[PDB]
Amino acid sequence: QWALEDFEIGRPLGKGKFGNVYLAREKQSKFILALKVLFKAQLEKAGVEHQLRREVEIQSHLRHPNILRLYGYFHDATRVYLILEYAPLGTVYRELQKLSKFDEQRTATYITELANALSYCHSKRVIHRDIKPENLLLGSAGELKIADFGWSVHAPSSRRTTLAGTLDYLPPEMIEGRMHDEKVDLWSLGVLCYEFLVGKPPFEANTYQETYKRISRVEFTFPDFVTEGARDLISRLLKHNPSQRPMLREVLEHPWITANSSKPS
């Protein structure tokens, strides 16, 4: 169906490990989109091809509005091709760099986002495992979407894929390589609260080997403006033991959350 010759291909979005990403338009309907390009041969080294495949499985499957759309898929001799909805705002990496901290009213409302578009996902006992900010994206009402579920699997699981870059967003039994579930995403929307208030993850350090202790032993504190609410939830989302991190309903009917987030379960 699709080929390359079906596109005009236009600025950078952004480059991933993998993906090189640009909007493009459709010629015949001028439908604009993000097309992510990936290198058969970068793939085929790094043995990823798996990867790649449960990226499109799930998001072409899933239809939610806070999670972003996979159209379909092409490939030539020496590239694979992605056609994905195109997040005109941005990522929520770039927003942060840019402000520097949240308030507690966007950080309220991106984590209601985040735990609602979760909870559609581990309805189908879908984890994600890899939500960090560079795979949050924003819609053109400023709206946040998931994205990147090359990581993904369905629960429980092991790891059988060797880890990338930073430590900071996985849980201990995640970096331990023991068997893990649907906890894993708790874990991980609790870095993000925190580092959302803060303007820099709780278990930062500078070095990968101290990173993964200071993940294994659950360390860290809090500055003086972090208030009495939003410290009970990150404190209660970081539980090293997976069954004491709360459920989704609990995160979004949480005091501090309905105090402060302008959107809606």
Given for the second form:
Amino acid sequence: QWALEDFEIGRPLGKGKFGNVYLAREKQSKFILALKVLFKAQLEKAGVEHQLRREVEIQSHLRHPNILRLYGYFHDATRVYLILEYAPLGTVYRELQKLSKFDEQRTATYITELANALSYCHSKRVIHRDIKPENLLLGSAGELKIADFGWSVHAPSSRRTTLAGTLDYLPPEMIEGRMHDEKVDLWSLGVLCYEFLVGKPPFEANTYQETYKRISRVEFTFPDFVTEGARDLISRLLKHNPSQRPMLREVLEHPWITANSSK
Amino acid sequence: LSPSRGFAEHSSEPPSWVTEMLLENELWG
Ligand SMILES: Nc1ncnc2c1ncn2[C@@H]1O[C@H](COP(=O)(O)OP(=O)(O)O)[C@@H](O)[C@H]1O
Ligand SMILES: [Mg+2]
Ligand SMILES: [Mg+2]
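For comparison with the form deposited without the partner chain, please write out the form solved in complex with the partner chain.
Let's see the whole complex now, leading with the same chain.
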């Protein structure tokens, strides 16, 4: 069993809902890692222990270059610790903050890496349901890695009804609390592709009520600089009917993607 | 991996967007 004494601790890397994520190093191997801390009292008050249970059992199962590794876990009197792969280049969120918008090459490359990661997830009947920029991390070579599986589920036989995720990235069936499946991640992929190119997600409004309505009615428009190929991909992903959204194979082979991705 | 058991949705904290929508509803309709 791991314990805190197995690790050297460094600076906070980021801030989570239930605690910070810290730079860490395994003492024997000097291997650099991240330690995600969750305070037990806060978890218990919020009553979301099942999210942590799902996060651990699902993410420790996954082995893919574009999915953040979870190596192990432990706890003490007051805290739960998740031992994670360290992502040195930070979040896609921060990168978008600094660049305002991504060019088509960078965007298509990220979408390729996301589609590969999601293809692997969906083959194991895992749905992520929260793939927003602050949960997309960057490896040492700037490769995208999906992280934060606290909203994920293993759904091999039945559809889900949980109210989950983050409004701006959610499809109509999820915000309306209807039955949903792996196609929710395809909708979020469309939101991301738009946000990467434009700098803001497509259904952004000043009020949550208005954003909710815009999502439900698929109300968004394209700025003039978004190209024909990008419009085609995004419009196909942001379909109200989940079954009309493309397979991930279709995303990976889309002409705008293959023309622009460096991967 | 086992199929993910559901939970008691109203026994715990909802996503923050739900809480914000409820506030908007209570604050100005
Ligand atoms: N393995 C990691 N390497 C580097 N930074 C990380 C890592 N994990 C998390 N972070 C940073 O910590 C933040 C919160 O982590 P996350 O796992 O998403 O927590 P929460 O479940 O509370 O959202 C991330 O948005 C990111 O800024
Ligand atoms: Mg997160
Ligand atoms: Mg989380």
